[PDB]
Amino acid sequence: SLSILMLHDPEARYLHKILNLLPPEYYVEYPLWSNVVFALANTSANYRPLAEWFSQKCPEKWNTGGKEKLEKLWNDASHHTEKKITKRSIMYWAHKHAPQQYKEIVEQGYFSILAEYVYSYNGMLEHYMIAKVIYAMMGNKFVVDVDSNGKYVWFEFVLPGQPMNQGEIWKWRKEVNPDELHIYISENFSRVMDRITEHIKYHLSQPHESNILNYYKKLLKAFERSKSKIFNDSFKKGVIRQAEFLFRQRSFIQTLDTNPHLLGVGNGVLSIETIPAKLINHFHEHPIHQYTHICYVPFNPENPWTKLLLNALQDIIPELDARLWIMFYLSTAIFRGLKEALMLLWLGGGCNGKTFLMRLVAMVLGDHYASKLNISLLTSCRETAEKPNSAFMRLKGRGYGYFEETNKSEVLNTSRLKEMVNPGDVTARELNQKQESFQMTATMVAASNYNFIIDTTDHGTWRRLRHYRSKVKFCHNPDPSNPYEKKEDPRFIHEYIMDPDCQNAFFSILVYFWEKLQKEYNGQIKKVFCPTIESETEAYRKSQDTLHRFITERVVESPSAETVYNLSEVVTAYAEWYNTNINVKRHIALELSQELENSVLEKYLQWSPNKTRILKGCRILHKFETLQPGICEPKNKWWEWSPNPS
Amino acid sequence: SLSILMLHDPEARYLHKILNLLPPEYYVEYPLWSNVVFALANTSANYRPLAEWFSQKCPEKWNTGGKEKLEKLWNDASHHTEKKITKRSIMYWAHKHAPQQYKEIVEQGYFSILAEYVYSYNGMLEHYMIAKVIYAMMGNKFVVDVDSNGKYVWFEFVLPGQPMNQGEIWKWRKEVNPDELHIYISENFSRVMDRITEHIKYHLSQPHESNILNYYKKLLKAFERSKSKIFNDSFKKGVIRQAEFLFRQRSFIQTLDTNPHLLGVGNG
DNA sequence: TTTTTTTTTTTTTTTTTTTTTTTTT
DNA sequence: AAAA
Ligand SMILES: Nc1ncnc2c1ncn2[C@@H]1O[C@H](COP(=O)(O)OP(=O)(O)OP(O)(O)=S)[C@@H](O)[C@H]1O
Ligand SMILES: [Mg+2]
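Residue numbers (the entry's author numbering), protein chains in the order written: chain B, 289 to 918, 935 to 950; chain C, 289 to 556.
Read the hints as simulated data drawn from the structure, not as lab findings. Note that CB positions come from ideal geometry on N, CA and C, so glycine has one too. Check the hints yourself; a few may be wrong.
Here are the simulated BS3-like cross-link-like pairs (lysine-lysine), alpha carbons at most 30 Å apart as the crow flies [what the hints assert, rightly or not]:
#	chain 1	residue 1	chain 2	residue 2
1	C	517	B	429
2	B	509	C	517
3	B	684	B	489
4	C	525	B	517
To be clear about the criterion: a stretch of chain C counts as covered by chain B if any three or more of its residues have a C-beta under 8 Å from a C-beta of chain B, and this derived list gives those stretches [unchecked claim]:
#	segment
5	310 to 320
6	341 to 347
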């Protein structure tokens, strides 16, 4: 039904004019004829005859390649979507390979549209007809959408070779007013206007009877009076008001920045969807707007900065397995999608260089994807009633959260922490607006030289937690006796972050590590057995437990004795214990009404017939009360990751 | 390809005219000449042949000097990010060393621009024409940028010889509305209006065929009717609301006062 | 727990309109 | 000179 499409849509025929400029080898290329049929698939569905016409377009080997081959990709499912290239991109392949003939095709294209309107209304232009001409001419560059509060917001696609803020190439940007459209409607639209002027004068040159003696003269007078209308301001404001509907595109704002496999970079957009990661520095159709100003380059260990960073980094963390495991964890900061609930906190001392690593990642990732949050938030000690809260926000879309030191060692209640790590959704509010929910997908790190008090026993609480301790410390007198001591550079933090190449080198390392973990056991973090890690963590679990310490301080090593009333004094005995052993405090005592049974006291803990859980015997201690009776060091390179054991 | 240089771009031919009347002693010297090479290189990369011809202004340096070194300098300036010294500076040296000649050159330039618009639209001026003509002159001052709050903001370059605040000289200042731009467009633009009127009446003086019996009469009537528009409040407000698009400079507010090696003082 | 966020603006007209002199009756 |  080629004729059908021809008559059904003049644009379809124009679209046919433009597709005739494609060389036959384009139709030969297997992934390309799949691309074009998919591109037309997402734009309407009645173009099956046109798609079938494309099967007969340069069919030098259609029978050789299979008659039921190109149509099969569309006839198998006229429904269904793939989130692929739509229209307004086929024009890009058309003009990138067939110049000149493309510019005249579009030139006569809107020329017919404009010349139709000038004849139909005796040369009396208006706002809407101009808006239609503009959209058919530069409708493949602008998108208008409506935000949450509701205004007609303008988004512009940046192209190389035009004034633009650094790092904002090959991606959409927000515009308060389409300013460059205002100059565009005044300069390039004039050229279209002139072609009309020549056409009417040429027809006036050809003699004829009264049908042209006054009719052409009237239009010329009307047209010239209307020629100056375009330069007016209120008229130009009206055209922008009209064109808002033509450039309207439903479902564009909420699909912005949704793909977690696309990252905006200073030299295009970086795709981590497939291995290896690929850089896009040409036209595409992915709705991405946020970015960071760090240019991406392929990972080269031969760069002096890459070696410089790797050497200092390797010295910072001595253990090979710990070094691999930590950076693999930090490599997830590039990802912006759902992540497994892992909390990383680790201990150090003095000028340990902890601040250097967090600071490096934050600027490398950029503000759009990384941010600094109040350390108090981690404590979770603070509670928020029905009141605005801002620091809870800012976590949207981010993939990295880093903290700093506290006043001292701090206690962290499970509340306000369970939802900070879990792959769930949380809701809150702040200045203005109201309650709203947002998916949390950011990696979390918080290291300090202060131990974090944890008062619980639940496995679910102590399953999304990992602990580490630093061992290498920096001092200005590095005696050559202790390996855990190295010299410092004041420039190392004050500068070396201001060098863009350092960020470019560091970002490459992060990309490479994420590729390694992805090429590793299908992602995930639970694997990679680092004996140094997860052992100090459970050692920290054997510590940081007041009850267990109390158990093997007063009742254990003296269980054969018998000074027991009930669960009541055991709490008081535990109360006075932590009062001195730790600090004086009180609790709604029901926690031990079951935790004590959850403990190892069952040897003597047996509930009496009238409940009271009378322990079979212990010795409450007063006065001194003693004598109571009861890895491979890497050869030369470790970023190469070594074989599977590593 | 000098003909290609002078063909595709009237801005290039204007830069050709400005490139003349220069003190070639500076071109002979390495520092200042390299500085102006950097200035022109930072202003787009499409002007590679024009920069090459700038190497052939007083060709002695291109015949006695680092030819390949100079072209490599221009190339690296094109593909590097620096402080980005731009135009409106070579204009400064041209005015500094060479008064007179440049004044009538720019006068003829924007006068020709306005005359071209008048002849194109039968002397029916409109806000865009006046806005572009105004941007053709001035331009050095009046940088416009969009704040973080979404409000257009105007900035003026303070110069000696005006009523300014204390210690505000030789640096940008914030302006709620370009008031002295308003009075400038009211006063100085009238000189161009008068020059155009004189040119029209002079052409009317010369005798010709039936064109002058009615056609110049129509042109002069339309121009006279449009003359009073520049004094209208709504017309001038529209002219400003059109012109702030042209004087827009991307990435200006956030890069303001960023340099820690520069201090603002009373005497500069 | 006010406190400051909330309130409460806050743009608020503006364009235009009319005419528009010329034109052409 | 008056109406569009
Ligand atoms: N890999 C490295 N190479 C060279 N110098 C380093 C390295 N790591 C740390 N340093 C030096 O040691 C210092 C870093 O320690 P600090 O940042 O002071 O300690 P921190 O644990 O990060 O937290 P602070 O700052 O002590 S509260 C810097 O002054 C660096 O000069
Ligand atoms: Mg530090």
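Quick one: which hint numbers does this structure break? Sort them smallest to largest. When the structure is compared with the hints, numbers 1, 3, 5 and 6 turn out to be violated.
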